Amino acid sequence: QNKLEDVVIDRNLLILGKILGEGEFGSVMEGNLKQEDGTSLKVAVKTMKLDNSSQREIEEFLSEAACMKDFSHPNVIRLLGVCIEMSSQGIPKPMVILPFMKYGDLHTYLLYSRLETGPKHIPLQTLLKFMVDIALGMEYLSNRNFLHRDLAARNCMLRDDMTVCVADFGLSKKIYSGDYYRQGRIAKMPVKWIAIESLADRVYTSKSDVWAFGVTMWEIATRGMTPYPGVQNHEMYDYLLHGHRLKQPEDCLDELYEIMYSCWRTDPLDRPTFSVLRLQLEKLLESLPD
């Protein structure tokens, strides 16, 4: 009840503004959080669409959030706290309160960059820095024995200084911890980012995150293409069983593509660690002009 009390933010300190995004598993809203100093802080608010999905009490949700509040790394989003809102049937509904990242998610940013009004055309070297940024965040998380489990460009956020941070921890957990959700919440995992072994069995390790990182690198290199053009979601497991993998994007350095495809080796033990990936990418980025 020290870190558990500390993580909770009083609901009255929060004013909800507009909905920024709404999906099957929750919504993101703008909000304002009244400070101790009398000032207001702009925040994002993530709601969860919980309808009998959990097999633990809300304390469990809070203790996981408390652990994540301790994350301290430029490439990992740091949550501010959690607010609880009671349903009419007396069920607590948690709200994760995050600092507001003005540029939004990396995926959408990449797409906007392909329009005249958007961000300017993103140079190869900046694309590569995005990938290093994500590698550093995942290295930090994997060093703390966290499994991300929803690693995609849409769940990476852009800070005011164009630093990417890893976000959307809704499915994240410590290796060896129990499930918070029942069988219903793997449905949030997008199929085209799921490692072959995790499609075969309810099995997910840090090497499954490495696979998803390689898919994320590919999304970045293609400036936001959906993985596996021409392949439907329900075909993916067979496609991968036959040894097919993401194709090399146009203008992608051969070196970079080698790094990506090391992430999709059939045996998880043949995939690199995030430390190795990160160093390979830093080296590659260093080897190029300014």
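Positions refer to the first chain, counted from 1. We call the rigid core whatever largest set of C-alpha positions still superposes within 1.5 Å between the two forms. First, how it differs from the form deposited in another entry.
- Only one candidate in 144, 121, 78, 93 has its Cα displaced by 2 Å or more between the two forms after core superposition: 93.
- In a rigid-core overlay of the protein, residue 38 has its C-alpha displaced by at least 2 Å between the two forms.
- With the core superposed, residue 231 shows a C-alpha displacement below 2 Å between the two forms.
- Superposition of the core reveals a Cα shift of 2 Å or more for residue 60 between the two forms.
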The other form holds:
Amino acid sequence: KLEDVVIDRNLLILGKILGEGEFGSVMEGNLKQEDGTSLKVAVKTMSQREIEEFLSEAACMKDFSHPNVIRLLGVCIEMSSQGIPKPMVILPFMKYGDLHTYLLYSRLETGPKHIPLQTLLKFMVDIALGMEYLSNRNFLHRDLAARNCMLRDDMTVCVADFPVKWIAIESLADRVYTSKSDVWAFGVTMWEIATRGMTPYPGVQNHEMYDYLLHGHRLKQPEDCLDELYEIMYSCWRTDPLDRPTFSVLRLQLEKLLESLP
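Now that the form deposited in one PDB entry has been shown, please provide the structure of the form deposited in another entry.
Here you get just the chain by itself.
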């Protein structure tokens, strides 16, 4: 259940805040490894059922191994002074942070260097490689977005999960979720990357989203987005879920597109 994923609270040292809000709090931390060495980590803390659902999320994350899906380093159990459990999820710390902030930063002079096309396409390939993995596992992500993608120390992206505009039209009206709903969100993520941090659908408010989409309107081709990267991303927004490509078809579409450019 939680055996081999639980870490004794003694082995964790919490530091400053990385980000706060209404998905808990994520902070830097030191994790004492059975190696005897210490490791830099991100510890996301946060209610009766929200506790067990929190531990339920580490369930069907405990055993996920792919270079493009975020690793779990463990779960912790902190006892309140009142004795209530306070669950904590432990992740490897990533100095480069989430992809959304990194895309915006690239447009500033003192942030990361200007990201070329080949690198933006590798960003999507990484997400495609990982979501393809998670699709084979028959795991529904349901929150795919640039803000949820983390950058590894080797500048490879990995999928994670800390929002109407990333939700497929079929899931908006009827509260359902298929693998194809995930694929719709992937199309929006490639839009964020190709726009380098733009909020989806400029000009349209959240409450109009279902109707905007019900009238056949889709995200606009980003300026300087090449005319075949847009088809791959537009293919994720077909109205029938069954008519959308699979994560494995998309990945190849991006891989062979990447190695056509110099």
